[PDB]
Structure formats: structure tokens, C-alpha cells
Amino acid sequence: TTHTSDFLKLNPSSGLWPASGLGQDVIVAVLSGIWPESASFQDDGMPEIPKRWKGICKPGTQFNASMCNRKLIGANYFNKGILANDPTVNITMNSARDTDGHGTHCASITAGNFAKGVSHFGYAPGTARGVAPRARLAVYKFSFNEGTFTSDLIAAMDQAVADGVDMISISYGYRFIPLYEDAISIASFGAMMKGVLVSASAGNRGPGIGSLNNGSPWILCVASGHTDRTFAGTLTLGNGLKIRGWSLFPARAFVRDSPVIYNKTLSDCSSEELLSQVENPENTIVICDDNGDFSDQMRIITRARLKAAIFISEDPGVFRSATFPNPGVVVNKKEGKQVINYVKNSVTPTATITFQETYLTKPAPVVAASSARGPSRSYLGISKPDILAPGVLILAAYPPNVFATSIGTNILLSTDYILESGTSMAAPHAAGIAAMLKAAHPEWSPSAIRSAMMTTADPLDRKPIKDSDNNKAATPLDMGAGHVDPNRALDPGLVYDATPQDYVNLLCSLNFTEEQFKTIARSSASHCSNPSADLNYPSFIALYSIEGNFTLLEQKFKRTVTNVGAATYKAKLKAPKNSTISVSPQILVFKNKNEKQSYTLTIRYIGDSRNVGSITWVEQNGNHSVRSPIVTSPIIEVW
């Protein structure tokens, strides 16, 4: 977060920040605790706490009722699930204090206060701050070293909603269970019913189809993108050749004019014995061929105590990890050829590598290969995930007394700020943005706010955003509407709104037993005479069975769009491959603010493979562009 808000174009001059006061008057809850004494959680520029708030600072182990402030305004923890499970347990950290790190990291990403002069062992240096630097923090810890319990999770969410939180951020997910057994979904439904939007991670079991979790209609489901940041061990050869490779070695290693060797017998870097046969290992650099297992090469290299290693690799796994315990660089295939060449055509080939360099990459963003993919096996009906946000190697606060990274085989390091990857990092970005949107428009519903963020998202990086796993254009099942564009989201022109009743009607059309229905609903609605699955959503999915012959299919979607800008819009269409689409009316006229207008989209398609297209309502006498993606998809095994 020393760059992330810049990457999002956020700034004090104009856009969401000024409009929202950096979220000072809004409150975002974060469902493993927090390390309160971190700089990210101090309150230097914070105005008084809004009267509305009455949340507690619940005492516990190494945590007392004065631990809160105008920034970290609430702290609560929920451990009854653990105890009920086994009253024999001694909970070491019986409070909201974080002993894992995940909770601290997420909290600072979403609403970390400005923190000067931080870095990840020299990388990504600068001032850290949350996407919403003045948003209020309410911590709810349900994850403990001794266990994490579904019911505790739900108890935490319910307490947060009950506390009057403006937004909820949760970087957890469960798979393989139907909605009426899905903890986060059950609680989210409740949150939505009460006007609180929930941001949750899509999960990290990508890139296989339908691999995401938290894919519920009443949740903002967030996928993870790379930013334009990179970390360098600049590689210079004895012949002047200079290459900006990749490195995250956590110290200013000194490797200058050292002997480089390339030996096919060991070039694999998979044999400890072989590597142990290179003389003067401590002053020599070895080249490692691409063998699809970098982290094993790094381990063998680290164990053998080589000066450094040059790794040839383009495996996306490499660029999401901060594990770099031994000096070395990673280079792509072409570059790897240049290097090997230099070595073979020389006696006395040498190399120099420097570290702790950080640069601000094309193209970006890119969908992380491991970001889980739609459609939702919780509910195929509605396209997921919703939106893309930065989640690869993000810098945020961290507990000073836990393992952070490693040097050599025997040295562990700790830190105040660490780089971390995952949809876990992305979600809190969205949550903060959502919170600022809500501060700018205090009347906007959870659904409208998700709408602003979506129809305003950018699907381009100026080409279509790529999927890192295959290098082809990302789908809405990869990135939803696209990369969050906070500033635009401030002024979307049209929003696809929805009400609590609308979700009840949706839940109702699912045809669960009334007991299952009650499980999810539980006390926000009763068993519901107007079932309706066509929930007013800012995106479109068209599904097709794969059980037998494929035949031309057709689908019709009804949408209502309210004007938040008098204005008129013309629909522009781009039909998914091998399909046709049509809308009606083709034009929407608006007399004045708040007026609502409906339309119907119709797709005619055939299955076999997920094709994409879209529909944009572009303003004729203005610069508003309301975009909604469209995707066809097979009908897959649901939970």
C-alpha cells in the first residue's frame, strides 16, 4: 500500500478521496484480530469519533479497554465456538490481539493510516496507507490459533452489523457446501438485509472453472490482480549485458564480478549431492534451468550455500511469493539464453546482481493465475466474481513478533510491514472503496454501491486485461466487470439498484425446504409469495447444459436502471462470440434525477467454453458510460 492507492488513481486533489474525506465519517469492520500498536493504526489526522458509534473495546489477554482510539475505534472477539467445542482448551491470546498477521495486514490495507518510511526489507519503500486512510476501524476476531469456528464467524458478523458498521471486509472462504450451510453467505444475507455491503475474497484455488467461493448474490466477490510494481535484482554480466530480473532477497547482498557457471550435469538444480560438488560454492554463481519447480531449486541452492543463482523461469508462482532466502535472480526464457550464451563463449564469465530495487510494468493489471474462477457453484445464476482489485504482493502492516521471511536455511526475520499475496489482499481494497462511496453518497444501498463499482470498472490494462495463467483476455468469470476505478465509481450516472425484499424474493425462488430457508434468512424475513430469480444485477450470465446435444438456446433478462446523474442513453452492444444479443428499448430517456427506467436484454446462443460480450449505456449529451459484462457458461456441478 505504498503504491496501491496511486495505482488506483486516488488522490487528495479530486475524485473519491476529497469527495469522501478519505472515509473519515465511515466505519469498516474486519472479520484473526489486530496488532494495535502498529503505525498504521495510530490516529494522527483523525477527527473525533462519530456519535453514531457505540462499539466496545473489549478487554482480554494483553489487550485493555484503552487500546482503542479515533482510528481503531472498536475491538471485539468471539471464542465461544472454541470453548463449547472443548472447554479444556487454554486460549493463549484470549482477545482481539493478532497472533497470526492476516488480520493486521487486511486491516491496514483497508484503512491503514499514513505511515512514513516503511518497506518490506527495503522493497516497496514509501508511505503506507489504506485505500481509505481515514476510515474508522472496527475489529472482530473470530480466528484464533487454537481454532476457527463457523458459528464464531457468524457471531462476529452479526455483532458487526448490530454495531452499525458501514461496510464489512472478510478474507475467508469455504467451499463444497450449499448456501444453507455456508456460514459467510448466511451472515452476509443478514448484512445485506440491513444495508451493509460485504466484501469477500473469491479464493485462491484458481484457475480451474467454478473454483471460487463467496459467490453469493448478496456479496461483493473480489478477484486478485497484479499491479504494475516489480522487484529487481538487476543482473549485469562481465560483457556489459544488463538485465532487470526478479528478486526479493531480503537484504542488500553484495555480489559483484563473481564467477558464473553453467553445467548441464547440475543445471537442473535438483541434486544436493551434485551441487555439493561445485568447488568454492561461496564465491560462485550457478545457473538453473527451467524445470517447473523453482521453489525446490531455491531450496537446493539455499542449502548448498552458493553465492547466488540465476534461475530461468516464467512460472507465475514465482512472482506471487516473497520467499527468497538466498541471493539470486529469476530471468525469462529469452534472457536465460543470452546469459547461457555469454557463459559458454567465455573463460572467466562473471556476473553482478544488486537487490532491494523496486520499479513501477506493462501490462497491468493482470488476473492472478490462482485467483478463483466463476461461475459460482453456490449459485450459477449470477455471474461471479464481481470485480478485480490489487492482491499480488501487497505491502501492509504485520505483527512485529511473528515469522515474516527467511535468509539462508537457519535465519528467520520479522518485520512491521510485509508483502503478501491473495484474494485476501484484494477484498479489503474493494471494501475501503465501497466505504468511501458510501460516505460520498450516504443514501446509496449496498447494491447500488456495488453497481457504481462495477459498471464503472475498467476491462482494459489499453488492451483487454489478461489472464496470467494463459495470457488470453480475462473473462468476467476471471475478473467480473474489471479493475476497480474508484474515481469514476463516484459518478456512475446510472445504478442497478435493489432492495432487501428483492433478495428475499430471490432466496425464495431457490426452492429450499422452509427449514433451509429459515437457516439462511433467519429472522430478517418469513416464509414470500413473490418468488423471482431475475435479481436486478449489473452483469449477465447465460448458461447451457452439457448433458447431450447442443441446441440454439435463448435467454431474456429484465433490468431496471435508476438515474443518479435529465439525460438519455443509447445502448451499445457487443455480443459474445457465436451468439447474438438484442436490447429493448435501445434508448433510455430520463426526465430528472432518481427516475427509473427498465429494459430487456436477450441472448441467443449455443454451447459446446465461456464467451464474453457486454452492454454499455453511453450518455448522448454527456460523458457517462454504464457498462455491464455478459458471459455464456456451461452448467456445472453445484454444491
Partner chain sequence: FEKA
Given for the second form:
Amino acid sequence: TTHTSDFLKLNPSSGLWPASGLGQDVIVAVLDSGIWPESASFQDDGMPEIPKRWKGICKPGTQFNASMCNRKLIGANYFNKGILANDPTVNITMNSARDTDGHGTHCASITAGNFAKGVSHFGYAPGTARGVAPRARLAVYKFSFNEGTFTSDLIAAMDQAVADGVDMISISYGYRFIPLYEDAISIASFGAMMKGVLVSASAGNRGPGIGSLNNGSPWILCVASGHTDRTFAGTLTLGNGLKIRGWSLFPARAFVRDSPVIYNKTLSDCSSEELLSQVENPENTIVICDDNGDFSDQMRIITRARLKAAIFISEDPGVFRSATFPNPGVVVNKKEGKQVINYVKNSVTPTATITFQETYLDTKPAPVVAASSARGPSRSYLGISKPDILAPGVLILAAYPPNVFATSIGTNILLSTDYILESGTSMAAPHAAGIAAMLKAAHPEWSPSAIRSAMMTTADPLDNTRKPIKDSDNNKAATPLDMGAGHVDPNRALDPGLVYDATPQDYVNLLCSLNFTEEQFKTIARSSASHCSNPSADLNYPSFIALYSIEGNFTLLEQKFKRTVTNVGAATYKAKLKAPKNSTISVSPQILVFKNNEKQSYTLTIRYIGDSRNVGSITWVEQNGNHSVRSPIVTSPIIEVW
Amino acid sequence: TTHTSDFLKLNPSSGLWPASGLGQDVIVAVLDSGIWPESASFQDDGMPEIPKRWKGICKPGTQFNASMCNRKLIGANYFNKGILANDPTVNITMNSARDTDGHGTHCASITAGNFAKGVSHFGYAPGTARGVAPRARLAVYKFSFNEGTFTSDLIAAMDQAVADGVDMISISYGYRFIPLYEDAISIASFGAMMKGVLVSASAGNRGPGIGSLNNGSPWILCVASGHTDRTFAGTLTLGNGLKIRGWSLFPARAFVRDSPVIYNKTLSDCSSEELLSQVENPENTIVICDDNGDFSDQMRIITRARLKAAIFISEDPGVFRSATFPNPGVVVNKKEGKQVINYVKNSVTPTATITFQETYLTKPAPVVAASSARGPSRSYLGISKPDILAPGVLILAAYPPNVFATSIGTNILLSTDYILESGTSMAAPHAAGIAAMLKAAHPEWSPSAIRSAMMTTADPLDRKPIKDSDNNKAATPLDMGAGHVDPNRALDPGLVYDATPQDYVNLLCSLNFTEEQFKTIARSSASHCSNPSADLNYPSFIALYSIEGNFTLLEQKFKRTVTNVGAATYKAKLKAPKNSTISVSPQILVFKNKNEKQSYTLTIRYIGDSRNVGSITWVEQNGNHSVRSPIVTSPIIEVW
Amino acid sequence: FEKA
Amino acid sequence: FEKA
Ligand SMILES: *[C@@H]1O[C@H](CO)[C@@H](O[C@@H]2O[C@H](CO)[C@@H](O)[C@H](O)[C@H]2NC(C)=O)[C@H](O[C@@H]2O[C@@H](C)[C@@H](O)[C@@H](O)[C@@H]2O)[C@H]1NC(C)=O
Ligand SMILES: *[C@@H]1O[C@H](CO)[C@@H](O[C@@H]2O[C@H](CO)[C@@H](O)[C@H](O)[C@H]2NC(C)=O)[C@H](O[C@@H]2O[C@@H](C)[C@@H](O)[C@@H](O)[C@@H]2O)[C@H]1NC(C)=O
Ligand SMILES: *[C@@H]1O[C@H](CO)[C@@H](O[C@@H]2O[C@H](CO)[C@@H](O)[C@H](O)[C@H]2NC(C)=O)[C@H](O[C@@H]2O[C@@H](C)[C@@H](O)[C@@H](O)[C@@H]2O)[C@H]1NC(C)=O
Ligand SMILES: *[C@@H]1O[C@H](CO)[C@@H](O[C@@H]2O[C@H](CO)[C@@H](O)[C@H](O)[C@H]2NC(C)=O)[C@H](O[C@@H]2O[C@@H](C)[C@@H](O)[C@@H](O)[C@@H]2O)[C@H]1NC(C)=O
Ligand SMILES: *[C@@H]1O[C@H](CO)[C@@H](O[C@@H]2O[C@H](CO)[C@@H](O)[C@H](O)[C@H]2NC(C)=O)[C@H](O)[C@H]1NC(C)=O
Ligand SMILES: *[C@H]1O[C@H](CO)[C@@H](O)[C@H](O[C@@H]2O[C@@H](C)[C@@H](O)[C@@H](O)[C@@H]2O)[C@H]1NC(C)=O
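Alt. form deposited with the partner chain bound, vs. the form solved without the partner chain above:
Up next: the whole complex, starting with the chain shown before.
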């Protein structure tokens, strides 16, 4: 987040930031393991008085008193009843909203961290840290403790946040293998939606297997994780002058200059401690490791042996998500790996030099879907496409508790920090939640469904090379089941031209269509609605999915989707269509004329056959304007639902 | 140097700084291993135009072209003729003024480094770095190369500096075991003194033995090294709330919290790698090390064993001068060591916490470093040395970014833009800059006079007498000269013990060298000299006594001439060294106006057996001026 | 549960 | 000789 807001194009001059006053007049709630209040990110240097609308408390507890709140961290509350009920015999070490894990502090700062001067991750990603919404108000709701995390506590946290009058909810947690009426986050999310509060939730980190995501509910903004254009450097220079910008996250300014490099196939595997222990003068020599699919193990074996450094040959994506680099060294791709190994064989006295703590903001292509980001379709509900949108999630810099394990050097030295790099959809969601909040500040009347609409139909499915965003796991084009509508584009979302709006009643009608028992139904809708005589599964969503059974014979199928679009811009749009491979699509009308909040409907129809998830889209381009309302379309097999 | 200037009381409001313009119009030459030009300490942000008087060159060379100089680093020159002449078969890797060692860069920044924002030594001593004279112009002269260091190159370097018109010379090098007429820095320094250029040199780091110092010549400002009031901390907190501020310089924000601690006499020695390797879960356990006199070996054994951390018990002065701390740990004194050990013995599950990268601003201070070389001068006993005390222990200054700085674990070397370094090398450049500024405020003052001001105004107290770190007793003039430099006062001394180029010739003349040895030192600034005189007008006194037989009452008379740089009158206050009497005449000096000279005679009657100290102070009657000169008795030892 |  |  010393660059993220720049990566999103946010700025003080124009766009969402100025339009929303950096979200100063809005409030976002963070449901996680609590917060570390005294962090610079949670101070209130440029904060105007607290909105009178707010009356949330600063609940006292262990090492936390009711004065721990300010005009930035305006609310603090924790929920442990679930843990005590489960066992009253438990001694809760940190019985308050104070964070003893880090997850909560990291998310909090990512969403609404104040400007923090001169921070970094041990020299990497240096600069000023700030949340996607630097002036948004923070309300911390801790339901996750070291002693345990309980569903009921989670639900109690949200209910309280919604009741407090929160504008937005951010939650980086997910559960899998359970039906809706057993899905805590979803149950509460429904309540939040019913009361005009959008919920941004991580998609999960168990990708890239099909339908591996969670929080894939129609009334939740499901977020996926992408890489940024940021990279961390261990510049590698050989004795022959060859210079290579490899990868490295060694947490210190190591000094490895003109050291002897060796390449010995008998150990180039870097998997034997016995072998590696046989390299004389291991403290002044650099050993080269071949690609064996397990870099992290190599790093371990190298760190144990105490080599001056190691040159790791690997292109495994997992390497570029981890900040675990306890020993000096660099990672290089297959080609570069050969250049290096060559130099060494064609020389006696082959040496090398590696510098550290270098961060570059030029990577291409970007963004890119994280190989571990959970993938749709939602096994909670195939009916609607998930995830919804993409956001920065790989190695994000944010606040962190100063008194907990951060990273490591050698085998015995643990390091701590105020700002650390962390990866996952946990880092992505808060980005969205913050943006969702600023949109809500710019358009106070917009509903949770409309705001999610502005973000989706305005998203960008192209990377910085202007090509289709790739899936890290395969390098092919990412699908909607990978990145939803695409990468968030705040400044555009501020002015979407059209929106696919929806109302609480619309979600009730959708809920009923699920055909649960009335007890199950009530389990989910609790008291926001009552068992609902107009079922409807065709929810007005800003995206389309076409499902096809995979049991038996496949046969040309046909689906029709009815949509209503309300003009938030007088203007007329023409529909541009790109049909998913092996299938046809048609809209009607094909044009939409607007006189001035006016609503207007249309119907999309797809003729497809199953075998494989193909993608297409439908964009409503303004004729006398520059508005473009895009919605992804994807075909999908019908997999086992929970 | 993020604190040093504050420690000296220098500031923009009053004193030397404002009166000197931070030395913007003055030039100090640095003779060392070169410099690293791109450093922030050598940029020229708030620097006015280069004084037209200057015409020094920016000599091109390896990785160094004639555009490397600016309004700060106004001169860069190197001298390698001695090396090549010695062996033309040599391939000098860095054939220019670019520093590949660091010593030269560190010294240059200390004396006149420009303001540098947000720097530190791996988290320690953070802040803005700046030379004692932030706006003095830098003239680099490299005579020390990786391939070698030759006397003739040193002399060639000084001669050029003096020729270039430099105002002051700073040199942090020394040679021992040679007579004056074989002493490189002394020969060149004599020529410098002859031409109005004061040379500041380190006393050496071979203390605390008697007469261990070098550069102890009458025509040199010999500088000793003292501790500041800064300290670096690994705050130690025991499981029982006991909090102890110990010492640590581990170069990273290590995380050791609520970790198990053990005290076990079988390994408490911390000398056996085999024994220490028997402690299970060594990676999550803190071991206590007894004081065994070899802390640095314990640290080696500990680091090699990969223990979470270690609590070292020690008060060895060596520990507080080193930045070698490659493993998390804390050093505690003997008392604290007993508290920690007790807590451990009276507990099952004793735990400890230690945080790092903490720096605090200690009593008493300053204190003479145990390794700071001591007098009397074996180059010339007659004149007390060293001359003055200045900060030299763990000072922060610029450093080459591509050389070894410090270490973590046994296999990880680290580099830095700013590092902590100790020695008389750090102290000399402090005096050099101060002298440079004094010269800016008084453009007509001679090298001898400037040294006078710096000495007669020095502070002997830290409000007690400055201590010798090696023994914890009062420091002698042979330990710290006149005392700790006090720049602001030095600006207005009231009276100065001045001297002329002719005075030194007369002194050299009295040594009775062969006319050839004499010429070697001269060497072209004077001819072989009909008014020999060994009583040089010096702002200090030393009474020597032979130890080659029975000890009998001895007497010594000193003749001095004090000029008035302030109408005024002074009265002489006397404190005679132990086991001796002193007296002065006249007892009162009257001045009718500025620049008037007045002479007096001090007389000591003493007996030897042991270096005793006293002093003479001329206190102004209708003012606040106090001119102080130290007096020390000393045995006559082997001279070179 | 899983904290993502 | 020695550099200090
Ligand atoms: C929860 O906290 C309790 C109070 O701090 C612990 O009980 C107390 O433990 C002390 C140290 O063992 C002991 O001095 C106290 O007498 C005791 N009881 C009270 C009322 O303070 C408790 O520890 C558990 O129960 C105690 C009695 C011991 O038998 C231990 O074996 C237990 O750990 C804490 N509970 C836990 C699970 O840690
Ligand atoms: C490649 O790695 C081999 C395994 O580490 C090296 O052999 C090892 O050499 C050790 C001393 O150099 C010796 O103690 C080990 O027993 C031996 N290990 C094995 C599995 O053979 C090998 O070094 C060369 O071959 C060995 C046997 C000795 O003859 C050395 O003198 C040779 O250099 C490595 N190859 C190299 C360094 O070219
Ligand atoms: C000093 O640098 C010279 C190069 O500028 C070295 O001589 C050159 O060394 C090259 C590589 O060893 C070789 O290809 C050149 O033919 C040779 N000659 C010249 C004119 O450059 C010199 O190295 C020494 O002398 C050479 C001739 C060889 O005999 C080397 O083995 C010698 O080390 C360098 N001198 C030293 C002491 O390194
Ligand atoms: C104090 O340090 C001693 C040296 O490590 C410990 O004794 C060592 O115990 C090892 C097993 O823990 C054993 O392999 C070593 O041979 C032995 N070393 C020596 C020099 O005897 C000692 O541990 C105690 O004494 C040993 C012999 C065992 O009986 C342990 O059970 C004891 O705890 C360390 N601590 C103490 C309290 O002695
Ligand atoms: C509430 O907690 C704050 C946080 O420390 C307390 O204020 C601190 O008090 C300690 C005393 O141990 C001081 O060291 C800190 O400097 C204080 N900081 C601030 C921001 O006040 C405060 O005293 C606590 N209130 C009560 C009633 O206990
Ligand atoms: C020498 O100083 C630096 C260090 O190598 C060089 O970059 C300079 O290069 C020359 O001048 C610079 C400003 C730039 O125009 C470059 O293209 C030139 O080659 C060089 N400076 C001079 C004055 O030669």
C-alpha cells in the first residue's frame, strides 16, 4: 500500500478520492482478529470531527481502555461469548479488541489506513503507506482470538456493525463445505444486505481448482486476488559482467560481492544436508540450485548449511507470494538459470555479486490472477457467477503488530516490524471495501447492489499491456470464474453511466426460489423477511453465467436472462456482443434510449452446449458519450453444490 | 555525528557556528584512503560559491572523473608514486581518490559532512548526520591504497595540501618507534606549521600503556579519544517484571519475547562449542554467560551455536567500543548479572525479553577511551602530549556502500551508507573542524594560537574530573591533554599562548641533530639557526624526572608569554601537582589594551618515584575569562 | 474456518 | 605504521 493506490490510479486531483473526500465522511467495519491502535496508520492527523451520526463504543478490555479510540479509529468492539460458552475454563490472554495475530491490523490499514511516512518491509516497498481510502473511518469488530474463533461470535460481530450504522463491511474469512443455512458469513451478509450494507469478503486461497472459492453468495461482493506491477530485486552480477534482475526478499542489506560461485550436479539438487555440508568454505561460497519443484525446501537446506548465498532456479509462482527469505540469495527463471550455469562451467574462478532491498514498479504483465485465488463457480450457489471482481492481494505492505513474529534470518533469528508484506484474498477484499465506501460517499443514495454494479461494469479485463488478464496458474486468459468482471478501476466506477440496481425484496424473492424448508429459510433471513409469494431466481445481476449438466449426453441448450438498467448519467446505448466460444448470444432491444433515473429493461439469450468454461461479454456503449457498461458472460459445468 | 555536534554544544543561535558560518569560507584537507564522493554527506545543498582563493584540482582516475567535485568536495587528489617506484609491476585497482577502505570517507564526513537526513547505523544513532563544521570545504588527498601505503606519498600529500592553500589538515594515521628525522607526518607537519597550517592528528590506539602515543610533536595538535554520552540498548525484561537497560548493537530488529532462560555453570563459561551444542532447542533459548574476560570469544561461540540470544555479564571497556554484535543478546554489569542469575535460580520457567535498535542520550561523560594512546611523547618528552580530548568512541559517519560494514550470524555480511566506528581517527577530525571554524572567526590567528584557544578553554570536568576508562581514576594530561574540547568557549579565550615559525626553528635547533638530520626535517623552510631555544611558548607544562637512581628534589622553570585577544587584568590561581610545589611571577598580569603581550615564569619544585597533575589558571578580575593550563610530572622513559 |  |  506504498504504491497500491497509485496502481489503482487514485489521486487527490481528480477521480474517486476528491469526489469522496478520501472517504472521510463514511465508515467501514473490519471483522477480524482486532487491531493494534497505536499504529501510525490508525492515528488521525488529517481527520475532521467524527460524523455525529455515529455512536459506536470504544469497549474497554485487556490492555485497551475507552480512550484508545480517535477520529480515525472511531469504534472498537470484541465478541468472545462463543469461546466462553464453549468452555468457561479458558483464560483469554488478550480479552479485548487488541490484535495479537496481525491479520486484523493488516486489513484495517489496507482499507482505511492514514498516511504513514517512511515505512517499509525491511527496506522493501519503502514509501508512505495509506489505505485505499485514507480518510475513511475505522470500526474494529474482533471475533477472532488466539484461544478460538466461533461462528456465533462472527455473526454477532456483523449484526452489531450493521446495527451501529456502518456504511460498509470488510471480512477476510471463509468457510467451505456447508449449505447456505449453515453459512455464518452468508447468513449475516444477508442481514447486512437487507439493510443497505455491502459486504466485501475474500474469495479464499485454495485455488486454482474449479469451484474452490467461498463467500460466493449473491448478497456478498466476492473478491479475488491479483498481483501488482511491483517486484523485489536481488540484482545478480557475474564475473563476466552479466547482470540479471532476479527475485529476492532477504530482510536485510546483505553484502555479497565478488564471491566464488560453484555448480556441482552432485548437490545442485540442494536437498541433502549431508551433501551441502561437504562444500568447503560454505561461508564464502555461493552454490547454485537446480529446479526441483520445492524451492522453499532448498532455501531451508541452504539456510541450515550457512552458505554465503544461493542462486535458485525456479519459476514456481508460489515463490513470488512468500516473504520467507531467511538467507541471502536470488531466484532466476529457466533461461537465466542456463546463462549462469554456463558462465560457471566456462570459467575457473567464476564469481558473482548480489545486492538486496530493491523494489521495482515496472513488472509486465499486471495485474495477474494469483494461482491460489479461489475459483468459481460458487458451490454455495451456482446460480450467480463468482468471484465478482479482482484486486491487489499479492505481497501487500500494511501495518502489523510490533510484538509478533514477522519474518526470519538464519535459522535462529526472528524479526518483527511495524509494516509487513502479506499475500492472499485477505489483502484484496479490504481494497474493494474501501473503494465501495468512497463510491457510497460520492453517491449516498446508491444501494449496495448498485455500488457493486458501478465497480463491476466499470472493471478492466485488460492488463497493463492492454491484453487479457492472465491466470498465473496457467498463463492463459483469466475467466470470470477467476477474476469476475476484472480488475477494480475506482475512478471509472465513480461514473458508470448505468447500473444494475436491486432491492432487499429482490433478495427475498431470490432466497425463496432456493426452495429450502421454511425453518432453513428463517435460519438465513432471520427477521429481515418472512416466509414471500413471488419467487424469482433471475436476480438483476451485473453478470451472466450459463450452466449445463455434465450427466449423460450434451445437447444444445438455451437460456434467457432478463435485466433492468437504470440511468445514473439523456442518452442512448448500443449493445456490443462477444459470444463465448462455441455458442451464440443475442440481446433485445439492441438499443436503449433514455430520456433523463429512468429505468429500461432488456433480455439476453444464449445458445450453447457443454463438453470447459467459455467466456464472452455484453457492453452497452453510449453513442453521444464515453460511457461503457460491460458485463461478463461465462458458461460452466454443473458441479457438486454444498 | 547525529548527536556529536549537540554534545559539543554547537548551534546556529550562538557560539562558533554562527561566528564561523559553519566554516563556509574555510578549507580542511583530509589525508587518508580517499573518499566516496556520491555520499550524501558530501553533497552541497546549502553551500555558497567556492572561495576564489581556491585552485585545487579534481584529478581524474579510475571510476573518478574531473566532474566528481562540487561546492562541498572542492578538491580530490591522490599520490601513488611511492607505490609504483617501489614496484612498477603493480596493477593499482583503484588508481584515484575513490575510497575502497572507508577510513577516509568516515573521517571526511566527521570533519565537514553536509547535513544528511534520516540516516543511522542499522537503526542505531538515527537522525541527521553532519560534520563538526557542516559548511567547511573538503579537500581530499589519498595517500593510502589497498596495494600499499608509503611514507613519501604521505609527505607528498601533505606538501600538496599546504601548497593548495588549505586552512587546516586532518590526518588519522601514526607511526611509532622512529626518531623525529625519520617521522613522516612530523616532517611534513613542521613544514605545515611553518606556513600557518595547523595539523590535527590522532594520538594512536595502543593505549593505555605509558608513552604509547604517536604524532606527539610540538608542531602538531595531538588528539585523544573519549566516549560521548550516547549508549545503545537491548532493554532486558525478565518474567518477573524486572527491567534492565543493558548494552547491545545487534544490527537488526530481532524478536526475542518471553523466551526461556537458563543458567548452568557447566556451560556458563560460554567457551565450549560442544557443550553449548548440548542445549536442546538452542534456537528458542537464552543462555547466560559469566564474565570470563573474553566477551568477544563468547559472542563467537554463541553466534556459532545459533542461540536465540545470550545475556553476557561483563564490564570490559572493549565491549563498549565495538560494533561487532552478530547475534541477539545483551551485556549487563556485575550487579545486574547477579539479579538476573537470582531470578533464574528461583524459578521454574524463567523467561526473558529483549528489544533492540534503541539509542539513549549517560553519566559520566565524556570518558577517556582505554585504548587512546598515552604520553609522554617518545618523539619528544619536553612537551606534554596529547594536547586535547574529543569524541572518538562509536561515532556515526559516512561510509562506502560497497564494503564490509558489520555482520549477522556467521555467514551474513552487511553493508551500509553510515556506520559506527571507534578510535583516535574519529576524534582528530573533530578537532580539525573546530580549529577550522576558529580560524574563520579569527582570520589572523596562527596555528599555535588556535591550539592555545582550544586548550586553555578545554573542560577538565565531565561536574567531576574526567575519568580514565581503563582504571576509573582521574584522567591525566597525558591521557586527555587540557581536557575535552569546548568550541563555543574556544571562540573567546581572552589570552592565547602564541608562537611563530621562527620559534619552532629555534626549538628544532635546540634538539642538536646532525645538520643532515636537521635538514631532513627543515627542510627548505629554514637554514642550519643561531638562537637555539627549547622553551617553546606552550599552553601546557611537563616536569620530567629520571628514574635511573636515587630520587632527589628537582626544580624546573618555565617561561611563557601570554598575548591579550580580548584592557584587562588577570590573577594567577595555582593548584600544584601532588608531592610538589609551584609558584608564578608575576602573580598578576595587567593589560592596557588588545594585542598587548605579557610574560611570566612558572616554577615547579618536585620529586619523582607516577604522573601527578596540577594547573595554572589566569582568571580575569573584571570579566569571566579563565585561561587554564595543565601541569604534569613524568618519569623520563625510553625515547625513539 | 480460515483467515484468508 | 597504522591508520587510526
Ligand atoms: C486461569 O487463571 C487462573 C488464575 O490466574 C489460574 O488459577 C491460578 O493459577 C495460579 C498458578 O497456577 C495459582 O497460583 C492460583 O492459585 C490459581 N487459582 C487462582 C484462583 O488464582 C488457572 O490456572 C489453572 O488452575 C490453577 C488452580 C492451577 O491448578 C493450574 O494447574 C491451572 O492452569 C488458569 N487456567 C489455565 C487453564 O491456565
Ligand atoms: C561435488 O560434490 C561431491 C559430493 O559433495 C564432492 O565429493 C565430496 O568431496 C568431499 C571433499 O571434497 C569428500 O569429503 C566427500 O566424501 C565427497 N562426497 C561424495 C558424495 O563424493 C565432489 O568433490 C570431488 O569429489 C570428491 C570425492 C573429492 O575427490 C574432491 O576432491 C573432488 O573435488 C564435488 N565435485 C567437485 C568439487 O568438483
Ligand atoms: C597487470 O595488468 C595487465 C593487463 O592490463 C596484465 O597483463 C595482461 O594480462 C592478461 C590476462 O592475464 C593477458 O591476457 C595479457 O596478455 C597481459 N599482457 C598485457 C600487456 O596486458 C598483468 O598480468 C601479468 O602479466 C601478464 C602478461 C600475465 O603474465 C599475467 O599472468 C600476469 O599476472 C597484470 N599484472 C598483475 C601483477 O596482475
Ligand atoms: C548443565 O549443562 C550440562 C552440559 O550440557 C548438562 O549435562 C549434560 O546433559 C546432557 C543431557 O541433557 C548429557 O548428554 C551430557 O553428557 C551432559 N554433560 C555433562 C558435561 O555432564 C546438565 O544437565 C544435567 O546433567 C546431565 C548430565 C543430565 O543428568 C541432565 O539430566 C541434567 O539436567 C545441564 N543442566 C543441569 C541442571 O545440570
Ligand atoms: C488508558 O490507556 C492509556 C494508554 O497508555 C493511558 O495513557 C498512558 O499512561 C501511561 C502510564 O503508564 C503513560 O506511560 C502513557 O504515556 C500514557 N499515554 C497516553 C496516550 O495517555 C491512560 O492512563 C489509561 N487510562 C486509565 C484511566 O488507566
Ligand atoms: C563522468 O562522471 C560520471 C561518472 O561516470 C559520468 O556519468 C559522466 O558521464 C558524462 O557526463 C554525464 C553528465 C553524462 O552526460 C554522460 O552521458 C557523460 O558520459 C562523466 N562526466 C563528465 C563530465 O565526463
